[PDB]
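The complex appears here without one of its protein chains, the remainder shown in place.
Each chain carries a letter (A, B, C, D and E) given by its place in the written order, and its residues are counted from 1.
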Amino acid sequence: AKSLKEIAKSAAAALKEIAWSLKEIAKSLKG
Amino acid sequence: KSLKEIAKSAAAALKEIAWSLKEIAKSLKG
Amino acid sequence: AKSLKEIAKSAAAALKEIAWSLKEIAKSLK
Amino acid sequence: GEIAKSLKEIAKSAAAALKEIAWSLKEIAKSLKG
Amino acid sequence: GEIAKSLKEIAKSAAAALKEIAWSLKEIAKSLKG
Partner (left out) sequence: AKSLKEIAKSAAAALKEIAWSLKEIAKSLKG
């Protein structure tokens, strides 16, 4: 399946980038 | 039922969420 | 089993609202 | 994959959390508008 | 199966995280109100 897989892989990856950006926001607001 | 349709819309939203948050992170680095 | 379709639909709907608000937040911060 | 009852109720609580997160983000967007 | 019992643990961790996320966003919305 390109559904249970492939789409879900892109979702998971978007979440990973969400987490990276939120850490960069947290770091800036420590600043 | 399929999830494929739904999971596609979710993934697309999460990519837009990712983009906006990178823009927020960039603005707060300014 | 495939009522998870309907729950996942409501999740995806919330993610779309999240995405929209984040666009407005990014615009305000930019 | 065995939902075995639970995964539907966990997925329900996830969806419920996302609805609350959407509400709070609307409030934050409002606050930041000024 | 292994897997089923995995999604037992995983879906629970996700749900727990989303609850924390919702709560911190409430606190952030409160802080940005003033």
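We adopt the following convention: contacts are C-beta pairs under 8 Å (C-beta built on N, C-alpha and C of every residue); 3 or more make two chains touch, one makes a residue touch a chain.
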For chain E, enumerate the residues touching the unshown chain of the complex. 3, 6-7, 10-11, 13-14, 17-18, 20-21, 24-25, 27-28, 31-32
Touching the unshown chain, chain A contributes residues 4-5, 8-9, 11-12, 15-16, 18-19, 22-23, 25-26, 29-30
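The rule we apply is simple: only the chains that are shown with their structure count from here on.
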Could you grab the centroid distance between chain B and chain D? Build each centroid from C-alpha atoms only and quote it in angstrom. 15
Can you compute the centre-to-centre distance for chain C and chain D, using the mean CA position of each chain? Integer Å is fine. 9
Multi-chain touching residues of chain B, meaning two or more other chains, are 2-3, 7, 10, 14, 17, 21, 24, 28
Each pair of chains that touches, named by its two labels: A-B, B-C, C-D, D-E
